[PDB]
Amino acid sequence: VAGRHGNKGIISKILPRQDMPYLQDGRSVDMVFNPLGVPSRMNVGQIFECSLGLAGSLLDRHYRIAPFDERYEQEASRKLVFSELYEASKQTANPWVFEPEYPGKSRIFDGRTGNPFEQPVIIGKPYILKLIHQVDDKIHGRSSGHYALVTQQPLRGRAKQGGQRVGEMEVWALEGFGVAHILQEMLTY
Amino acid sequence: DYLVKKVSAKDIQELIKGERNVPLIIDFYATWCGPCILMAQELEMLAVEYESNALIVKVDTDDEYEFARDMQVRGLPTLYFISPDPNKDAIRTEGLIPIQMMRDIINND
Amino acid sequence: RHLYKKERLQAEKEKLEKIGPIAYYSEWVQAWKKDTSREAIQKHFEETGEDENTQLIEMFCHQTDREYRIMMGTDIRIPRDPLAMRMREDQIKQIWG
Amino acid sequence: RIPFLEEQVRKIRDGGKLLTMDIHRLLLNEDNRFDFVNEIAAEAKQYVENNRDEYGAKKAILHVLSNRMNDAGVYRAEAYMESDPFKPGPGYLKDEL
Amino acid sequence: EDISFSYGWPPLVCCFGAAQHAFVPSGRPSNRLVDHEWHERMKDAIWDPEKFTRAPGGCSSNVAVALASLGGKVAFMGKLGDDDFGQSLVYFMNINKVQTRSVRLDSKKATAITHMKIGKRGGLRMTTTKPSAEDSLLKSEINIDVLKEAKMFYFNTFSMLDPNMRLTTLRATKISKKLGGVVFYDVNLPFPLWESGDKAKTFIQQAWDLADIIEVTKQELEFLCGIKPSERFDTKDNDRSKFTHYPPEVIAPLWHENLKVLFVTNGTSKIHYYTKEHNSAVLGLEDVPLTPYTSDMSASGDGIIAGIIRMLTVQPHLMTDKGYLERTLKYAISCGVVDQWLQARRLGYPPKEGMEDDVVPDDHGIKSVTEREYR
Amino acid sequence: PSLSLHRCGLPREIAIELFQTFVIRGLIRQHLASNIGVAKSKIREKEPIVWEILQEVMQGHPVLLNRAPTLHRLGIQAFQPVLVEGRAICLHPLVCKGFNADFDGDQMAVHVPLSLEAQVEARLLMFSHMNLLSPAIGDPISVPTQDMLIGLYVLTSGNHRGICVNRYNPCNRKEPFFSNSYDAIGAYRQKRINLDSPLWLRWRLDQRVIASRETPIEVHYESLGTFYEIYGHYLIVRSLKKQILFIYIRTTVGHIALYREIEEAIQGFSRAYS
Amino acid sequence: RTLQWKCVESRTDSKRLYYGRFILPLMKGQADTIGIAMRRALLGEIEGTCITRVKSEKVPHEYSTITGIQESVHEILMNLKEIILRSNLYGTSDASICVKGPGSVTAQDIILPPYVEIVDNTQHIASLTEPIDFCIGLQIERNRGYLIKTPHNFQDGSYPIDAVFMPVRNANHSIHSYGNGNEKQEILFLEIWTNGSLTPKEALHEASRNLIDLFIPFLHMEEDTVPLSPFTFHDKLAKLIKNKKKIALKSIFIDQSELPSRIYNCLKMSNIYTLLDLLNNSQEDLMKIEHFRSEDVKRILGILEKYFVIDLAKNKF
Amino acid sequence: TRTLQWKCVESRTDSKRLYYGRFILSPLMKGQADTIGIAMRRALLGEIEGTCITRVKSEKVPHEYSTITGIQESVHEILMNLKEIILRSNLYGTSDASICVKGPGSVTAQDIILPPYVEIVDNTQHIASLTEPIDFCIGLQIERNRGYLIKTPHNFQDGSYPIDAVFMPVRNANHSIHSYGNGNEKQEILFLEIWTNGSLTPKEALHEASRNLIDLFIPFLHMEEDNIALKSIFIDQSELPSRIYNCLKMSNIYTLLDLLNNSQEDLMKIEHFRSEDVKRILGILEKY
Amino acid sequence: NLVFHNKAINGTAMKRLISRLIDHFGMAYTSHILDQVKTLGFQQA
Ligand SMILES: [Mg+2]
Ligand SMILES: [Zn+2]
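Chains as they are written, first to last, in PDB author numbering: chain B, 820 to 1008; chain m, 69 to 177; chain H, 291 to 387; chain O, 54 to 150; chain i, 268 to 642; chain C, 395 to 567, 585 to 685; chain a, 11 to 34, 36 to 235, 245 to 337; chain A, 10 to 236, 267 to 327; chain c, 6 to 50.
These aren't lab readings, by the way, just hints derived from the structure by calculation.
Careful, some of the hints might be misleading.
[Stated by the list, open to error] Incomplete in silico selection of chain A near chain a, CB under 7 Å:
#1 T10
#2 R11
#3 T12
#4 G40
#5 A48
#6 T161
#7 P171
#8 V175
#9 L222
#10 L296
[Claimed, not checked] No more than 16 Å apart at the CA atoms, straight line, and that leaves these computed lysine to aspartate or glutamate pairs for EDC-like:
#11 i:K503 - A:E233
#12 A:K195 - O:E149
#13 C:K652 - A:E202
#14 A:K212 - A:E202
#15 C:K440 - C:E411
#16 c:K20 - C:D533
#17 i:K387 - m:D157
#18 H:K324 - H:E348
#19 i:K445 - i:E487
#20 B:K909 - H:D365
#21 a:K195 - H:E379
#22 a:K16 - i:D302
#23 i:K597 - A:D224
#24 i:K318 - m:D131
#25 a:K39 - H:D365
#26 i:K310 - i:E516
#27 c:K12 - C:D607
#28 i:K503 - A:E234
#29 a:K288 - a:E278
#30 a:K256 - i:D351
#31 i:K503 - A:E202
Beta carbons are placed, not taken as given, at the ideal position from N, Cα and C, and that holds for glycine.
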C-alpha cells in the first residue's frame, strides 16, 4: 500500500478493533505507520496532508490546492492547515483536533489496557492507494516436475511450475561456509 | 402423553380402600419447586421399567393442603411407597433419591 | 515549560477542594442556575433527603454533549493545561499569525 | 535464586533453544568443526540403516545428539521430542504466530 | 486443654441437623425487584416463573458447603446411613472441605426412608413404625469435643420436628451455651406448621428463647406476628407497597433479654436488621439467570446465611455495631447472587421440545444456547 | 516480531509443495492410505489430517533462505520452519542487516536440504546463532537497530537535573527509598512513580556503578563516629571500625529494568541447561 | 445507596443511529478497570442478527445485469448486507421478497418469520423501472463477529454475503475527580452508539451480564461423561470404589478413621486430609509437625493397622 | 460439554514468603481470553486487601538520627525492617500491637503481641538485634487496606513516625494465550500465573479477584423501588425601537431564535436595558 | 557480574557491549540476551 508522497509499505498484521489504538472521541484508528521514516526520506508533505484531511472530514470540505503556495507569503501552508484545524475544533466541539500546546498532535490510548500513551501523537486522514503487486501473484512452490529438453534442467517461471536458480554468487557463499555436501546436491540430484 | 397421571385427593382415598395387586407410588409435588421437576423425570422412567407392574400417581400439594397435612408431608419432594398386603407397612422417602434405590424398594418392600 | 504547567495544574486541584464538586463542574453546565455553595447543598439534604451525590447527578442531566466534550480536559488520565482550555480566540490565532 | 524466572525456563526448553546450547558444548571439545559434522552424519546413517521404521517423526540426527548428552550426564529427552499436554483433540493445530 | 495447640484462627462453626439432597421446607408467595421492560422484549427466550414462590432456604448440609466455599471452618453433626446414599453424601461434604468427624453412621437405620403405619380413616399416617436415620439421634452420640472448640452453633426448626430429636437438639444448644457459643437459629418453617400462627409460636418458643441471633423471612414474620398480607403479589411494577420495613414496635413484642440481632429477609432484594438501639435496611439484585430447576430460590437462602456467619465469626466484638452490620449485609447479598447464578449454570435447563438429547441414567438437561433454539 | 532467532514462518501452501514426498510416506506408514496414488488424492482435498502429518515431518528439518543479490555469505542462512497461515514468509527482525532486507516489496527464496549429510551441515554450520560476527573486521552484525534502539535510549535517557526540575533555588528550602529492585519495578506498574522520577536503591554488592572520578560533595561526620559521604550518584555510610554499613544508589526505574533483563537471561539459560 | 447510576442523555438521531450517556463515587483504581472491560465487551461480545444467503432465481452470475432493475446483482447483494434485524433466538430462518411493477423494493417488502423483526422500514434494496416481477429468497442467522464467505461452492441460485453481526457502532469513556481530598474518589461517564437493533442501555446491561459469565467459572469446583447432572458426586464415587485399589484410598478421609482430636486437628492443619496422604508421609515427618509427640505416632499406627494391613511409606526401612 | 472448566497445573512453595501457582481455563471463543486476562491481572494486583504496619512509636528518645544504647542498628534501619513484616488479618478498623523484650543479647523477631484476629506469617523475620542489656519497648499500629499505599501524613504528636505502606498481597501476575484452531473453529486457553507473599495462597487470591470483579459490575444491574424558519428571521425585520435594538445587538442576539432562547432574567444583565422594554418586546412578538 | 550503567545508550554503545558479551560468555548466551533486549526495546518504544 502507498500514499502519494513516496511512502510505501507491506501489510504485516490485521488486528481486531478492540486492540487498535483509540482517540478521545472513542474511534479507533485504521492504520498505524512508523514515524522514523520521515527523517530519512525527507517528506514533510505527508504531515501537512494528514492534518488537513482530518479537518475536511469534520467540516465537510474538500480542498484543491495548487503547488508552490509560498509565493504569496512566508509559511503559507502552515497558516492554512492550522487555521482549518481550529475551525473544525470550534464548530464541532472537539478540542483535541487543535491543541494549543502541541498543534497537530493529540494524546491517544491503548486498546489492550486502557492506558494513555506517554507522549502526544500525529493523527490524520490521508489518502492511501493499493498497488498492483499482490501476494497471490507472487507465491510459488515446486517438487519434481517437468524438465527441459536439451539442458534437462528444471523449467523457469511460476507459470511454468519451475525451479529457482542457484547461481554464481550463491555458490560462492555456500563455499565460504564450507558446505560441500549441500552444494553437490543442488548441482546433481 | 404421560404415563403419570394427576389425581384428586378424594380419588386417592378410594384407592386405599380398594384392593391392589401392584405397588402404588404417590408423589406430592408443587409447580414452584425445582427439585420436583427433576423428580418427575426420574419417576417417569420407572414407569416404563415397571410397565404395568405398578401404578404411579401424583397430587399437587397447593390445591390439597389438608390431605397432605394428614399424610404427614414434611417437605416438598416427598414420595410414599405403599403395598398390596395391608399389614406390611408404607415407606416415605424425603428428598431426591437415586433411581436404584427406588428400584430396590419396590422389589423388596 | 513544564514547571509552569505543573504549577497551574496544582492550583486547579486546590480550587476543587475549596469550592466543592458541584461548583467546579458548573462552568460546564450552563443550565444550572441554582446556588452551589456548600452551605446551599446542606440545606437541601435537610429539606429533601438528597445528598451531594444525588445533586451532582442531577446537574449532569442538564448538560449538552457539546459541553461534555469540552470538559474532557479535566480527565485524570490526560489532563490539559488550564491556560489552553480557557484561552480566547484572538490569542490562539497568533500562533499562526 | 531469582524470584520469577519460571516462564523463561519453560520457554527455553519448549522453544528448542536447548538444542542450540548443546551444539555449542559439543564443539568445545573439537578442533575442526568440519570433522565433527562428518562424524555425526555417519552415526545417523548407521542408525537409519539398522532400524528404518522408527524414524520419520523422530529424526536420526537428533537422536545421535541426545544420546551424546545423556552419556555425559545431562538428561535430555529422546530426539528432543516433546508432547503438547493441552491440545484440544485429534486434528487440532497450534498457531505459533 | 489442647486448645492452644490445635484450635486455629478461623473459629469453628458447627451446623447441626439433617443431611438431605434437594429438600425444600416450604414455599410462599413473593415479590422481586426486576426490570419489567427487559422481560417484555425477551419474552420469548427467558424463563420467568408465572407465579413466584420462594423457598426459605435449604438443609443444614447446604449451609455448611457454602461456608466452606467462602473460607470458613465448618463441621456437621448428625446421623446418616452406611447405605450407599449415606456414604455418598459424606463424600460430597468431605470433598467440599466440611469436617465430618462429628457425623455418626448406624447399621440398622436407613438414610431417607421412614417406615410408617397406614393409620386411621382419613389416611392419618403414623410415622413411628420406624424412624429414619436422620431424625434418630441420641444424646450419648453428641460429640462434646467439637462443641467445645466451636464458637458458633447453627440449627433449624426441622430437627425439632421429631419428638426424640427435639430433646437431643435442645441439649446440644444448652451444652454449647455454657461452654461458650453464640447460637444462631434459622426458623425455616416446614410445611406442617403453617396451619395456624398460634400453634407455631408455641412450638418454637423454647428455641426462640435460647438464641443470640435469629433469622426470619418476611412472610414468616408476618405469620408469627399476625399481620395479613395486602400486596398484589402478581403484577408488573415495583411499588413499595411490597418491600415494607415494619416499624420497630411491631417487632418488639418478640424480644427476649439474650437477643442480640434479628434479620428479616425479602430475598436478595432487601434485607432488614433490627437491634435494640438501631434499625435499618440494605438493597440488592434479584434479577438473576433463572432456570426451571432453580426457580425456587433456595440457593440464595443458603448463601445469605453463610455470609452472615463468616463475618460475625471473624470479628466477634462488633455484632452490634451499626457499620459492621451494614458491611456484613452487603457481603451477604453478593454471596447469594453468586450462588443462584452458579446453580443455573451447573444444573442447566430442561429440554424445551425436540427432546432427542442423550439421557443421563436418571434425567436429561441442556445448556442455555440450546434452550434458545428456533423451534 | 515474536519469532525467535532460530525460527522462520513458512506459508502452508508453499510447504505442502516442498515437503510432499515426506508427507506421502507418512500417510502410508500410518496406513491412512493404500497407495501413492491414493495419497495424492488426500493431499488435494485438503483434508484436516494432511495438516497434522505436515507438522510432524517438518519439526526437526531445517530450510534455507536467500535474497537475490547475494553479496556475502550472510545472504544465505538456515532456519527451523514454523507453519503459518497466510501467504508471506515471516522473518526475525535482527537478521535483516545480513540479508540487506527491508519490508517494502522484497522477496526471498526457500530450499529444502534432502540428505542426512546436508541436513547436518545446515544445523551445525549455517544457523544464526553460530554466525553473529561479520567476516571483514570482526564486528557484530546483529545488533538492535531502529525502534529497538529508540526504546533503549528512552529507558536510559535520564531526568531533568537542576533549573529544569525546580523553579527556585533549592537552597531556601528524590524521596522514594526502595529496598529491593522488584519493589521499584512494581511501583512503576501501579503508577506510584514515573520512568524518570529519581529514587534510591539499596545496594548490597560491590560498587560497580560507572561514574566519574569525583570526590565527595559533602562528608558529614558525627561525634559518636559514623560518617555519611554524599557523592552525586551515591551515599556510603561508614563507622568507626571503618566498615561500610550501607550503600545507596540514586537512579531511575529505567536503569534498573535493563540490568534486570540482562541478569535474568544469564541465570535462566544456566538453570535450563540443568 | 452510595454508588448510583443514571442515564444523563438519550437521543435517536436516525432510525439507524442511537445515542446514550451514563454516569456512575467510585474508589481510586476502580474506574479504569470498569471502563476498559466495558469497552471490550461492548465492542466484541454482543451478538446480532443478519441475512446470510440469498436465492435469486434466474441469473447466470452475480456480475450480470437484469432488465428493469437499475442495479446489477452485485449491487443488490451489497444493499442487502446493510439491512438491520432484531431477534433473540438461534438457528437459521427463512424469509422472502415478492414485489412487482415499477417502483422501489425496500425493507418493508420482506416478509418475515414470527421471531425476526426489521428496524428501519425505509432501507433501499433495489430500484425498479419497468413492469417486472422481483422474487428473492433469504436466510437469516444470529451469531457473533464477522463471517468469511467460505462456501463459494453453492446450490444453484444461492450466493453468500459477509455479514457483520456487531450491533454497537462505537463507545467512549472518561474519568474525573470527585474532589474528596484524602479519600480519592472518582466519577465515571460512558457513552454508547448503537445501530438501533438494541438500545444503548440494553447494550450496557447485556455487556455486564456477559462479563459476569466469563468470571463466574472460577468459583465453580476444579476439574480433576455428562455434565449438568445432579448426581455427579454419587456416580463418580460408585466408580471410584469399584474401579481401583489405591484409588479407593482417596475416598477414605482422616475423619472416618477415628483418631483422638489433638492428633486430628494437627494433621488437618498440616495439609493432611486423606489417608493416601498419611500413608505417604514419613514417620519422621510426623515428628516434624508441631506439637506432635512420640506417643501419637504409635497411636496412629495402632489404629491404622487395625483398619488395614498396608504401610506404603508408613513402614520405615 | 463446552463448559468452561478451571484446573491448577503447577504449584510450588519456595519460602514461607513466596508461593507460585499456574492456572488454566477451558476453551474460549476468540477474543475472550485477552479480556479475561487483563481484568484479572488488574484485580489481583489492585483489588485484594492486605494488612500491614502503618505507624511506629519509639518512646525512648526524640532524636531524629540517634542510635540509642545497645541497639546495633539505626533508627532508620529498624523502620525499614518493620515494613518488611508480613501479616494476615481480617480486621475492620485499626488496632494496636507492641513488642517488649529485655535482652542482654537480642534477636528481636516474633515478639509482637497481637490481637487474636491478626496473625504472623513468618516468625523468623528479624526486627532488630540488641547488643547490651536494655529494655526495648515499641508500640505499633496495624491496618487493612487494598494496596492503597498512603494517606496524607498525620501530625507527630509524640515521637511517632509514619511508615510507607504497600498493602499488596500478590507480588506479580501475568497472562498468556494458546490458540488451537483447526478446521471449522478456533478454541483458546488462558494461562494465569500468580505469585503471593504467603498471606494467602495463589488459589485463594484467584478466587478473591474473581469475586472482587463481579461486585464491580453488579451495580449496573441494580433496579430501585418506585413510588427552522425562525433561524432566517432577523431582528431588523421585526420593527423594534432603537434603544432596544442597539442593546440586543450588543449582546449578540441577531435572530429570533435567539431571543426565544434567552430568558427574562438573562435580559436584565445587558446594560442600558429596561423592564418596560421587556414588555415591549413581548408585545412586538405578540402581534406575530 | 556486570557493570551498572547510569548514562545513555546509543548505537555505538550497544555494539561495544554485544562485542564484550560475546567474548566473555560466548555466542549462545549472547543470542538469548539479544532476544530479550529486543522485547524490552519494542515494548518501551
Ligand atoms: Mg526494499
Ligand atoms: Zn507550502
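Original post:
Quick check: which numbered hints come out false for this structure?
Top reply: 2, 7, 8, 10, 13, 19, 20, 21, 26, 31
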